[PDB]
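First comes one chain, alone, set out as structure tokens in the form deposited in one PDB entry.
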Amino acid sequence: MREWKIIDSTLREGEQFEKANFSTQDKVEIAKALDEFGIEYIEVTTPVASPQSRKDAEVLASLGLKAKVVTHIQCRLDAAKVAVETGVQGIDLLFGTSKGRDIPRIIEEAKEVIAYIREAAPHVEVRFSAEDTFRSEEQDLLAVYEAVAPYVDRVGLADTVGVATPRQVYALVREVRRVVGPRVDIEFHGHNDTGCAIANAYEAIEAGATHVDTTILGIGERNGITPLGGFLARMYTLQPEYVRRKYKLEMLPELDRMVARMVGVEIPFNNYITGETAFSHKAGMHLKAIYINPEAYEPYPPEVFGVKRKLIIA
């Protein structure tokens, strides 16, 4: 069934955006606004990055938000300790691409970090991801995921370089689901270098993924990851009842403006839903249809997301 949640990573992946320079107060404002919106998880930079990243994690995790606050660390004993001490509700392990590949060792090293966390904070949710998941040799990847999955709440896949294709993502998520079973959750994180972050997230869900990483406006390393708004536009057309129940969709314009303001960008003219142009109609044969029925050339209603259409009649 198509049930899924969003992990916002504006305060993690989004910090890796070129122009991101979030004050503790910027982060709190973003987190509170995402919580009001209904977002299920808020992921934050590793506490090990700096004394300020640690403090921010500590504060965000203690905000009393309905959303779970989770932090993203390298899969190391070092960083695990720091992470649990911050009070986060979840820890997202990333086993980085080093790595040749000795698999029961990798399995041992992962299970150890995971074991410490269960010991030291049994109520913290643990996710395990290998970096560059879609480009790793698949037998070894599945071998590691299959062995680690009984010990974790979730496994993730990361299209780190933004080159995975929708059918590749669908296929690999299906194989992961087959080896981890129905209980373990499956998270997808995808970069947008080839314009496939939204499509891939969607195919990931169709294949059984339960969690999708987004950032507001898609901010992140390079051209960033799956954007919150474009993702909701995609999901809304397919599950409109579900999506409108889950989230305060009319808040999207303000989330996009807030982050645009803070990182010093303009909202792209063609940005999903909230871009200057998202609902503009011009062709005569289009306009003549919008008068009998606004739906005729509209994928979704603009009022649902708190915006309006423009007609260009001249």
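Only residues modelled in both forms are compared. Positions refer to the first chain, counted from 1. Rigid core: the largest C-alpha set superposing within 1.5 Å between the two forms. What changes on going to the form deposited in another entry:
- No residue of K66, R245, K282, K55 other than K282 has its CA displaced by 2 Å or more between the two forms when the core is superposed.
- Once the rigid core is overlaid between the two forms, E295 counts among the residues whose Cα shifts by 2 Å or more.
- 96-99, 102-105, 281-296 make up the set of runs between the two forms where every Cα shifts by 2 Å or more, each run at least three residues long, with the core as reference frame.
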Given for the second form:
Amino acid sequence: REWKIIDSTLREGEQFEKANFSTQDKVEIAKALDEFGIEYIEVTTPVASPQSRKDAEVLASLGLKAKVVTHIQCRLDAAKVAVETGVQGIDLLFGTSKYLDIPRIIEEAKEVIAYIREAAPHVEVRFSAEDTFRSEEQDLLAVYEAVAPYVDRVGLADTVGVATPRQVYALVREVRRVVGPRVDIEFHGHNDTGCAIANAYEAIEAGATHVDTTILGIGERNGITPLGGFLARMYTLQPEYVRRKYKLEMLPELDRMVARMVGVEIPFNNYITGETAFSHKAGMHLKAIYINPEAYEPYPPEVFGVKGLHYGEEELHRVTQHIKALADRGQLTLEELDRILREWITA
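Would you mind generating the form deposited in another entry now that we have the form deposited in one PDB entry?
Here we give the lone chain, stripped of any partners or molecules.
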């Protein structure tokens, strides 16, 4: 299974009690996420406020590799503002939750999608359900199946943080059946019941292609799938893939940056970067206690920076230039060379 991350530090993260990111803070965060290799960066909807709009505009025009995306309600005026910011993708939200008129939902959606398709044909269109896991699946599938021919991606969002891993798996398989071969599936999961990482994993197991994370899991309440924890989960299953696509050794810089900005300490037990993530009580690994004589190690700390014509000339040019650039910055490490070259040499 292949998959991509949608970072939400500048969307979900702004809901975190202590977050108040300046435009400079956001640029710093986005540049670091881009260097890390994150594929998508979602920002708070530009219709939220003048500053949300200004920040979306700045971030979308930074020339990042990562695609800068946003979200809107199903309103033509919101769509208009979002397109104007220059974002590369727009997620349209709907809700059918028991805790909240399907024909209206579908019609308003198609109207807005039609507008975006015409005004900005290059922009990704996504369509997602707020409070997915308190909504009746037949209502969800009805809406997804109606909109799927016209969108690039559909989204499931466990807004309230109650979904169980096997519910996420089941519903993702159902959505895949209904949207067909082309349409991708994104998952956004809150952590109120301790399932955000497990749910993100199970969505991928079931065929989802995109997962939302934030650095340190910051977000509304106890937040969403944390970047570090999610990477740990995926690294144990696909280590070569994960280590190739992301600069895992910079994880501690990302955690520290955000911790400093929002004024928290990294949790004592935080995935990977927490003080005790790799340690145990000296003297307590006793043969009377454990069968295996070694203290177990799920992954190594250093991986996460913790103490006839011819073809291929374009890639050769890019690769050699990139390696040279790293060398001249004093940043050419064995980790970098591995991730740059493994796909060319090994088979």
